[PDB]
Amino acid sequence: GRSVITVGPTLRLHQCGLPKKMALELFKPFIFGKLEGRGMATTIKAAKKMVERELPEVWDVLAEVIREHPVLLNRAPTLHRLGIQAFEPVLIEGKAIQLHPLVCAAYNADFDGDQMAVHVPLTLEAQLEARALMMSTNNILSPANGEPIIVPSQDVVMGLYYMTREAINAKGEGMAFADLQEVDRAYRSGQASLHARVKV
Amino acid sequence: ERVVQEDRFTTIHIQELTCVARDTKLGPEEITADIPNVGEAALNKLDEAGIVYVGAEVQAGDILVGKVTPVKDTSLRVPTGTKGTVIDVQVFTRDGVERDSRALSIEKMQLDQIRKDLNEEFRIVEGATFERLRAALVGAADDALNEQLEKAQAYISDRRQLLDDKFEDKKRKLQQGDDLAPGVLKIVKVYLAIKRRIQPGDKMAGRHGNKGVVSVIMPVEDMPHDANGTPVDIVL
Amino acid sequence: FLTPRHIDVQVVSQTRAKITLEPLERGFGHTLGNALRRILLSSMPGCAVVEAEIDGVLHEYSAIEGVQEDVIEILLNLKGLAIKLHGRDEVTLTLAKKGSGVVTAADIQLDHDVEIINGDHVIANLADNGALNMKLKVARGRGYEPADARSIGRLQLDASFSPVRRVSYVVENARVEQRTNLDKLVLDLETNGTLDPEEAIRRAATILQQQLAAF
Amino acid sequence: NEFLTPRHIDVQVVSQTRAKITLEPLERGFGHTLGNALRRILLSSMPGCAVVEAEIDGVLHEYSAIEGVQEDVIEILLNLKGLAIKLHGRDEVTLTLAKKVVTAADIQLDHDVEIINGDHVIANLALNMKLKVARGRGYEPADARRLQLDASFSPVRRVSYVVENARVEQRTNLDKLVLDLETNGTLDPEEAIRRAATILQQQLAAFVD
Amino acid sequence: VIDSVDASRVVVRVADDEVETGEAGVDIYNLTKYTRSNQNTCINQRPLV
Amino acid sequence: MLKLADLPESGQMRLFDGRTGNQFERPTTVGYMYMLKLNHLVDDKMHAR
RNA sequence: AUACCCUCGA
Ligand SMILES: [Mg+2]
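Residue numbers (the deposited numbering), protein chains in the order written: chain R, 351 to 550; chain P, 825 to 894, 918 to 987, 1020 to 1115; chain Y, 8 to 157, 166 to 230; chain F, 6 to 105, 109 to 134, 139 to 157, 169 to 232; chain B, 728 to 776; chain V, 1213 to 1261.
Keep in mind that the hints are not guaranteed to be accurate.
Quick list of simulated restraints, FRET-style, between CB atoms [unchecked claim]:
hint: 1; chain 1: F; residue 1: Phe8; chain 2: Y; residue 2: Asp120; range: 17 to 27 Å
hint: 2; chain 1: B; residue 1: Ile755; chain 2: P; residue 2: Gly943; range: 45 to 55 Å
hint: 3; chain 1: F; residue 1: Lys144; chain 2: Y; residue 2: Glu187; range: 30 to 40 Å
hint: 4; chain 1: R; residue 1: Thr428; chain 2: P; residue 2: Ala1060; range: 56 to 66 Å
hint: 5; chain 1: R; residue 1: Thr428; chain 2: P; residue 2: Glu830; range: 35 to 45 Å
hint: 6; chain 1: V; residue 1: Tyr1246; chain 2: B; residue 2: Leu775; range: 19 to 29 Å
hint: 7; chain 1: F; residue 1: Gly94; chain 2: V; residue 2: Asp1218; range: 53 to 63 Å
hint: 8; chain 1: Y; residue 1: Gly106; chain 2: P; residue 2: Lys930; range: 31 to 41 Å
hint: 9; chain 1: B; residue 1: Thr762; chain 2: P; residue 2: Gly943; range: 24 to 34 Å
hint: 10; chain 1: P; residue 1: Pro894; chain 2: B; residue 2: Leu775; range: 51 to 61 Å
hint: 11; chain 1: V; residue 1: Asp1218; chain 2: F; residue 2: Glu192; range: 45 to 55 Å
hint: 12; chain 1: P; residue 1: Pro926; chain 2: B; residue 2: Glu750; range: 42 to 52 Å
hint: 13; chain 1: B; residue 1: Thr762; chain 2: R; residue 2: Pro498; range: 35 to 45 Å
In silico EDC-like pairs for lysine to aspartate or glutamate, Cα to Cα no more than 20 Å straight-line [as the list claims (entries may be wrong)]:
hint: 14; chain 1: F; residue 1: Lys86; chain 2: R; residue 2: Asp534
hint: 15; chain 1: Y; residue 1: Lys144; chain 2: P; residue 2: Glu881
hint: 16; chain 1: F; residue 1: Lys91; chain 2: F; residue 2: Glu122
hint: 17; chain 1: P; residue 1: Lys1074; chain 2: Y; residue 2: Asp118
hint: 18; chain 1: R; residue 1: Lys521; chain 2: F; residue 2: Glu152
hint: 19; chain 1: P; residue 1: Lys1068; chain 2: P; residue 2: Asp1057
hint: 20; chain 1: P; residue 1: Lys1074; chain 2: Y; residue 2: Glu60
hint: 21; chain 1: B; residue 1: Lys760; chain 2: Y; residue 2: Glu72
hint: 22; chain 1: R; residue 1: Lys549; chain 2: R; residue 2: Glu523
hint: 23; chain 1: P; residue 1: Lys1068; chain 2: P; residue 2: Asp947
hint: 24; chain 1: P; residue 1: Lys963; chain 2: P; residue 2: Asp1043
hint: 25; chain 1: F; residue 1: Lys91; chain 2: F; residue 2: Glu214
hint: 26; chain 1: Y; residue 1: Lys104; chain 2: Y; residue 2: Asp118
hint: 27; chain 1: P; residue 1: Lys1082; chain 2: V; residue 2: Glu1237
hint: 28; chain 1: R; residue 1: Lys378; chain 2: R; residue 2: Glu438
hint: 29; chain 1: F; residue 1: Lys105; chain 2: F; residue 2: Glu80
hint: 30; chain 1: P; residue 1: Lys1074; chain 2: Y; residue 2: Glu72
hint: 31; chain 1: P; residue 1: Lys1030; chain 2: B; residue 2: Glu750
hint: 32; chain 1: P; residue 1: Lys1082; chain 2: R; residue 2: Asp460
hint: 33; chain 1: P; residue 1: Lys1090; chain 2: P; residue 2: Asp1112
hint: 34; chain 1: Y; residue 1: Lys144; chain 2: Y; residue 2: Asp118
hint: 35; chain 1: F; residue 1: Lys91; chain 2: F; residue 2: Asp120
hint: 36; chain 1: V; residue 1: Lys1215; chain 2: P; residue 2: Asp1057
hint: 37; chain 1: R; residue 1: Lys521; chain 2: V; residue 2: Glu1237
hint: 38; chain 1: V; residue 1: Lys1249; chain 2: P; residue 2: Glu830
hint: 39; chain 1: R; residue 1: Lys549; chain 2: F; residue 2: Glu76
hint: 40; chain 1: P; residue 1: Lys930; chain 2: Y; residue 2: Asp155
These are calculated hints, taken from the structure and not from any lab test. The beta carbon of each residue, even a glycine, is placed where N, CA and C say it ideally should be.
Put together the whole structure using the sequences plus the hints.
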């Protein structure tokens, strides 16, 4: 399946958001199998009725089938192997596929209307290959050059740069801190500027 | 969440779905509500003629129009994921075919509207002429007032004649059949209205080529707010 | 460990109000103010129209003879109604007018426990042949409930029960002749008028008390 | 109306002084409200005791040079900053340290003063100073009112909180508060959370009913 | 001068100066209500007089 | 125009955070921009098989 | 449920 992509800033690097309806449609045979195994459905007609009714118990089994089953995400022009990587899906509320901000550079995918195709590996061989070779954490360095490709992009680079600046005169300049913890305590309490020449 | 609560970017989408009564080899398919093996609630949503009443909320898979083709069912149902409100139904019937009840009701409504339009159009002009004539003569010579009364009566009669001629012309322009494709007995189409709300994934843009796909819809509290307390609506 | 007593409320208008809490320990002003702002702007019980059906209408995408606005505009105008419920939570109101004129919230059928704040809210304009007779079912809720989350001829409305519109706060010093290290919180609260500012503050206080009592 | 009031709170103890408190079912905006309120309470308004002044004999100025210890004055001040001391008797006491390896337990004590960590090293010899302990509210820098040193009165060292989406059967769109703590050891982080919640509750207990 | 208005049509009394001898005021403007466009969007007109 | 409307002449003022409620150190740009909605809805793009 | 044509997005 496919949908418009969306930045998810609350995602860990190994996981990606997946809409309820796309996940429910893609993993339909897995849901049927788990429903029959748990005995909650006797005939496949009942299982289809539950999955189409979206009964509250079908979300539990959907979560179980999604827990450790990676999925594949790729952009339209895949110019290199990095253009399709495996993500461990997490159920989200909507119709768009949530992407980790740090993998956009590898995908060459901004959020101005891009779409992504999602594929579900089935065989244990396929799942293990997704998790061990093409999981998003495995491919940090670019295959073209050992330099990393999962690196901070525009906004996070701006944040990190602004954090680590220096002001000639700022609130909280001069005193010494016994640990990084005291620095955090002083900054969050508002007694020291974010960029003030201090000792620690 | 205000931009959704204030319902600013919601839009109305109208889509149509069609059914054609083919001249099937065994026989013509008829637009009948007695679909074979049809459930009751779905038939309750339908009418006696086999067409959904205008103004009915329709979920996915519901049966909008009922066609029986020899008896197999060619009844129209909405595509998966498509849910909306029926706003209009149109019926076209081939020349020499029986005009069903729904087409009769639609036509009588149309001629009622037309009749009332020319009725009020006659009313305004006749009132204007009558008050002009009454203002011309003194409060209630003698030849002039009678001549003007006769002229006003003649004008009113001529207007009535041309108006009724136009009404009859519109009537007969309504009673005619359609030039449907060969093998089309009756053609029906239904119109569905959907209020599409803005949701994460919708593409939004400005006027200077600044595209964007809406990411999340945070509540009013989280958005940055001025010292006066007014909250921002969009953070770019 | 000073705590505020005798919640001070100042009324600027029927909608806008100011709430001041004089005795507050140092640094507690911003914490309490932001907590109250989030609680008010998020969760405040209010009542708004949730179903409306008219005699001559089938669906909201039509017009009514002699009515200057179509049904969509009528429902949008109804959405801005500021009603107050004293007794039960679901009630039904009627509105029947014929002839030329302007239908406002004043022309809604009165009731014992149902009150109208904005009686000047224009709903539609009528012509000489215009005539509408419609019934309003209202309900009391907490947050934005769309139609999807909640017979032919009944129209469902998206409801935003939140009666609060704008919340502001400023923290200034409080002189209680004890020390100058004290401070006070001034809540600049602007609602639609259906809920009393003191009642809003107390409800926020109980909600925060419960959510802390989760510990 | 009725809100989601979680009662399955758990405190994952990752260290003796570090803990992670989780709260899974909460409404959409309540996670941030509770987390920010608790963080502001813990970091800013939490009564405790710490040293505020020190008088090392032979050090007239802060940038003076002293002999007999491996380190210098500012290192001594930083080492003194980390001391965790509870005052049960009074809100004012002055302790003296005399030695000519210096540790926290080397400080003479009375029945009122209690040093939580007596092994906190202070200096390394090859030291006659008296320090002043006071009770305060939060992080009070020396600038905002050797003879002066930044005081960390609050018992917590670091507070951070994050909110993540929580999945409920049919709601499916909520938030889950993960709050992590680390104290000096004078209070269990569970006790620190209870104290912060109690203080915030007392802040508006007058009008709740 | 607009004679009568509603959500569906507009009727205009044409000025006697800018009119012929007979049938002075006749201008009935039928507003198109919610109608499907080529892109499946609504096309409706609202009176502003 | 801005100085006539009693707004900052630079067009910027310091906003207050929505969660922590603390003023941002530097002033940001806020104003009313004509935003559009394009006919590229995710409702028509979400497909799954 | 097959081929062209047109339009649009990345
Ligand atoms: Mg792009």
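Q) Which of the listed hints are not met by the structure? A) 2, 4, 13, 17, 27, 30 and 36
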